[PDB]
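S.K.: For reference, the chains in residue letters:
4 protein chains.
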Amino acid sequence: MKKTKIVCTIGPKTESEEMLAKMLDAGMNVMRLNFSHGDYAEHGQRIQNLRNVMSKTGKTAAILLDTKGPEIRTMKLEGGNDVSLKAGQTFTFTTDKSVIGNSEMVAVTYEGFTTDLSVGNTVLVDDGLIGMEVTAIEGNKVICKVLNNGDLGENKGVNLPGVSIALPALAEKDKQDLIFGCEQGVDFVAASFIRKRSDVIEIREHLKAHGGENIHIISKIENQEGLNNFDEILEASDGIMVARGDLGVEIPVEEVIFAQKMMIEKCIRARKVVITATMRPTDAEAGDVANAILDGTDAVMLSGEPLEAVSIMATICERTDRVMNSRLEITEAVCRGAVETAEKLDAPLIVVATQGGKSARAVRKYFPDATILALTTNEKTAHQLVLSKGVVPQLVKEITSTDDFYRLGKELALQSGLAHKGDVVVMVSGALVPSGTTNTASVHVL
Amino acid sequence: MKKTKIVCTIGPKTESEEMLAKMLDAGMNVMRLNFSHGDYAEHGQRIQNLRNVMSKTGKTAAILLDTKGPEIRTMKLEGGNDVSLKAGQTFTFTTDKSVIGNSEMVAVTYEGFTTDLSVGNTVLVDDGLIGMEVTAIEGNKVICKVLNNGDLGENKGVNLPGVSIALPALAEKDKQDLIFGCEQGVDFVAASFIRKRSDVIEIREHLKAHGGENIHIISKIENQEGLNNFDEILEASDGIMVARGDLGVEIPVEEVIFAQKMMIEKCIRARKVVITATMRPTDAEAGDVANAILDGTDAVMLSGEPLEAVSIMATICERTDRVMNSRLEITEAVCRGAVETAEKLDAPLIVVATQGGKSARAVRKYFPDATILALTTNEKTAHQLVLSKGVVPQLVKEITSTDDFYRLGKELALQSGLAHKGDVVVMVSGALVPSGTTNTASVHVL
Amino acid sequence: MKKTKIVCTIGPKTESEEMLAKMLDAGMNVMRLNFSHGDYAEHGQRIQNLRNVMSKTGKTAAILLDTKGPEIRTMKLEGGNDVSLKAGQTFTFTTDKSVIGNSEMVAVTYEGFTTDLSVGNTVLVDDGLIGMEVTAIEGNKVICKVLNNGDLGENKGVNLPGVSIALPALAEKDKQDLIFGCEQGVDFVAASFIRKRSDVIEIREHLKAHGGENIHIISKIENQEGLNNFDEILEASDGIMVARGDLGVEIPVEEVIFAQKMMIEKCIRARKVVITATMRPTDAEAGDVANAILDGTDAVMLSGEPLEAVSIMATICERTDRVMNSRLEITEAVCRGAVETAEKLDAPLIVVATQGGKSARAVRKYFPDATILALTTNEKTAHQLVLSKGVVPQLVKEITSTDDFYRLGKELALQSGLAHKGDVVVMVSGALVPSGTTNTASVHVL
Amino acid sequence: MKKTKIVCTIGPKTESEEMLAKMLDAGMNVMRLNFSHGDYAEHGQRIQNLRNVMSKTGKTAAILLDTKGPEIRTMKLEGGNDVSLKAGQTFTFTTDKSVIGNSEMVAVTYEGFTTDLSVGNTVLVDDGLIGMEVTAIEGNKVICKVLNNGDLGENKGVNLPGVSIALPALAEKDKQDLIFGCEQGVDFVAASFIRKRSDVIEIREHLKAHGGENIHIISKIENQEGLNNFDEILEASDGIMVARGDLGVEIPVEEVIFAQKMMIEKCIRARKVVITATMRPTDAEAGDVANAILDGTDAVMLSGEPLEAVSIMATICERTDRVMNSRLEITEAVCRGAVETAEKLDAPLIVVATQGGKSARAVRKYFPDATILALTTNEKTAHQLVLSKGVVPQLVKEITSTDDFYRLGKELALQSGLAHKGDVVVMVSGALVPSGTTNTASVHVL
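Residue numbers (our numbering), protein chains in the order written: chain A, 221 to 666; chain B, 221 to 666; chain C, 221 to 666; chain D, 221 to 666.
With the rest of the complex left out, here is chain A:
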């Protein structure tokens, strides 16, 4: 079986339960829900359908609701026709939504545009297709020198590298989508356009205000600022999502692959999950994936793409997984040890008891060869760990004591078909210490 997890974004062509069940077989592990479109009626059904499939089949799966996030946008162009901007010429951005663009100027969805900006700064239109330096700003007008030739189409995204934009972590709508997440009880929330440590707090603050406390926050890094603040942001988050394309528009090309690498390394050390979103696939892509997985990503995600797409990502996840190796060089010490020994003894698995899922995470850090079977009485947690690499969670009634665990665990591991009589198996867990503390390890033959 593969170990890497796959995240698909679901939609119309794929929301039926019959579709979802097949997608589960193809390899999907989490259902993404993009708040950039659709509605509460649809999404809620989408979600319902997944859960019915789960009940009907014993299959497990997480649900992640993806935030739209703040966004600046260029408006309307005369007769809806693309205009061509010439280098060195003048070009003007406006705050007035009424205004119909053309080759002389254009309106932006962002009222705060005039403010945050400054002459000297760089503006970047439509996925950085066109750069410009702000020469002037007066009233609702942003006046600039185009730095290079290009076609300005309508509704193009704007980027201001380096500038801190005063929009909120939370769009107005962004707040409503969250509540829906909590009411629905989504497992994760991938927050968009996160630039500094505060952005994570505000969503945590927000989710807490609506019963969302046990929801993991996956911060989406998408720019020079979030990149600079990554440590802080990673600190505050429950996970991370490397938005390659998005980030690619805001910084040097030779940096992207690296950023993705530093982010993943940092997440791994940190015990936090990381989703990598890159661009049959073109080979550039099939190796871009494999590389993300070699870099050690927990999960790869699939976007607007579908049953064949799944299976290919799924035969790629397996092929790259089957050749990776552990990375051995208190919870740490126990966990590393578990793994190592796991490996020395040739244990096919490593059962683990986790309430909040931390120990499965801590174990999964060393890239074990064995599958982690994680035990839990907590349902959100059982759902969440579906995101994490090599983990295979199992909700359980209870675990009375360390010895009960070992006993139970052995019954379970044997039921999983993941192990057999004579198999040695390593058990990791807590013993006389609060949650959030892994500290006991134990070998056992099935």
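Here chain D is said to cover these stretches of chain B; the calculated rule only asks that three of the stretch's residues, wherever they fall, bring their Cβ under 8 Å from a Cβ of chain D:
| no. | segment |
| --- | --- |
| 1 | 547 to 556 |
| 2 | 619 to 626 |
| 3 | 652 to 660 |
It is worth saying that the hints were derived from the structure and are not from the lab.
For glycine and all other residues, C-beta sits at the position ideal for the given N, C-alpha and C.
Please arrange chains B, C and D on chain A, whose structure you already have, making use of the hints.
M.R.: Positioned in the frame of chain A, the structure of chains B, C and D alone reads:
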């Protein structure tokens, strides 16, 4: 300065001595001549302008002559019109070149088609565009079930994956371009579609028969059969060219990045050069490269693409090189040592004497942080060294003995601007041993 | 505190409970009863006075009954006067007990003297004071040339180096002292002159007929035959005792220090005990001790030597102990694990539960810096662990489970004064597995 | 052959040319001349017969002058009679030489006896045979309590543990002996009772005023103050000597084996020689030596002991060296490399060119398995190296260049019988660098 070498394909837009002198400043290291087009006069001019540039500036550069190689193709279609192939329908291939194609059948340029093929096999037309399984074969006819919908144009490329194709090794025109090589005295010849050790032999054999004894043969791996005989192919070749696309059409997507990976590894171990040929650039590509560099390729190529392309590829070469590490875990011992010590002492350079260039290869296999400065009396060897990672060759008049070598080397090293007063410097070379044997290292302060 | 355990041979001048108490203060851990002298009343008393100081102060210590064993001896001399033997002269030994020696001949206590011997063999008189080569053998006489000048006193000890002597495993008296040992419940019996595996089985077999089943048998290695079968002897014993002087008589001087070194390593890896008997002490001696510790002996030994001797031995034991280091390169896994982590985390101690003493041992093998505190409900086992390096037993009423164990252990760890609040502490023990299997480790802060 | 060097102190019973050469055949490697006795005529003869033997057999051997050194001593007793001292009694020392002692008092040779001492101090008489506590000092007398019962004979040597005795570095006849050693050209002078760096300097100045510049100074560490300044004394000397017995009298017992262990370690690392002087032999001793070897001493010394002594000494050296192993974890890199490389390739020997003997030294530090063959034109140097571990020196005419060296060393190696056709051999040397610098290495097949 980078250390990964760049290989650019030159053309009309890039042939003047003024452009070529620019491209060298941009990072180019080896001119590729693609025998796929052009003519002897142009190419020869192209080569002359490079050499002029060389004399003029003292800049060095090598010269690869890349081969067109053999192929299986589809012929003529009625009216010269594209036919529409429907899935599951029958479609027959014919050995008889006189036959004019249509929706029901088409003739291939390959007489052995019937022979090498066999029921069950997959036939792939126009770059993988359309696939077909072989149902029957009889007379000059290959009967097939068409696997998927597509349009058949004329002169389309055929590929029969897995199959051992009985075509010859060199094209007839191939034979002619090689001689021109041997007359113009190019540094390397990259053979095309190399499937088994003998194909390598045939080129060597041809090259010797016309003054080409010292030309290195870099072999292009483009399919399953070459892939499977890699060891022997590598053995007999002087180096290798990872042809990603071509490979991408012949075997599973999830394999390609792994084929490249195993190629580079085995090359480096083998002391031979490997050039990476992958698909401002889409991020996928900008990483694809870096990854190739990280996996350890000596050089990366640039095709039909131009002065900015080179520069970028440079910045990508310098940026990925600046963070790799040596890889330390008789010629070998000496060489390895030379490197670790080079490193212990903080040596900015490792002067090396080479006739055939093997010693410099030997040093480089360890991925030195230091630049390898190479001394040679042999010009072909000096040019070819350009294709090597981190190596900086220098033609020198002579070296009378181990001690002359040390003294000269010191002089040279200081002249290079590469090292200075107080810099330690390691110096490998042969001593009382035939060429092909390295065995002496000596540390020195400038 | 030192971790190496010191063994004391008790006698008249040191048997008072008063004396013993002071001896235990100075460092003594074991009471050695040399069966080569004294009588069942005196030993018994010696035993009881110890057991008394034990009850009276909670101290712990064990008692080893050292066997006299079989031996060959010269007998009576005319007028009981010492005869001077001249080099090269003739001298003969006889089997006939009635015969009274003189300068030409002497009888031996050993009837198999003629039979096991052989012309050319070396015969060693009185702690090798005089050597002699066997020149002839006829009837009950063994005719020999004298190799060196010396006086033969009566009742002299005989050594046939290299010879395989057929004496039995146990003297008739030996079987008698063994029973008393059983009656008295000593901890260990150090068997004398062990030659081959059968010797050990006889001893073991005899103790079981005596209720001595849980008595550890320690093999005394005194000659080449014993040294040859070491591995098989060690396998059947519970531990070994390196009898230096005795070995010195029986084999090449250059071999003894290395035979010692070999026996200790093998015994370590075997998880079995080894007591070191070497020859204020002479620096030679002082060093000789230090080195047995460096070689890693669990325990050293003091003979006919008394309070100052125990103390010094001890200041040397601590001196050497304080600079040793662990030795890290199922039970093994866990135990190796446990110590390493113990060391990583600064654990000043390693609690361990043991019935049989096995895991305390297992842990021990790694030469931990932390003290091993061993909890056991078995007192025999608690006594025997006194013999083990760095281990410190504690008898406990019971442990109901792994968790009961942990809670209990931390109470006891803190009470020991051996550890404090904030201190980290490793705990090993079995979980769901029979005795003889260690398999679980857990870290805990006091 | 053994690699460890042996030092034999020579005497009447061993000064004959017939006796010496037998000794060299027994294993002797340096002749120790003890200036504690004898005269200029005898010792010189003693060196004569040695040099002669060398001439007549081509055997090499070095010669060490050993210093008597300054001292404090007790004097004359009434009637030249021994007095018995009873414990707790009073006893007094006096700085007055006229006074003839008795059971109440005895004068000392050392005028600073009062000044350097202090109440509470321990005074050891006649090789520590009798301890005494200083209770008072007034005028020229040192009042003390006898610590134990014993007989005081005349002219007994005194030791003041821990005290810093202000005697000079050189006893007045010590300078004379030094001039004899210069005139006689000895290889090494072993200085006595070295306490601090300045003592080592004084002697270096004394040999220099007499053409002694090439004689290596081996400082003998006898007590606590010198053990303290060892780092600085090691620095200023050419090697050291661990005078166990004298150390054994001056500091705690558990401390000596460690002091010897620290000295040897710091010696090895410093590329300096160390002679270990420990107490058929008693096991203790035969193991004591082996341990010095295992600790890594260059050489072991023989004292007032003779042909069988050397033999056994040697057979132990072989039995020990045959089981030691290299110790691999500028000159340093090159030499470590050389060794390591030497070992990887299986070289039986490592030729080294040396003037000053240094590189023979740097190479040996690593504990090579291969014999070092050192080539030199300096005969002092060649004699000196005999003292060095595993080195085999050779005087040679000249070496014109690095290449000649290689050519020469290759003939020599094969001639030595130490290697053969097909054997690889690693050669080190200097190259374009003043003496004191090693920096070249080169592998060769014989």
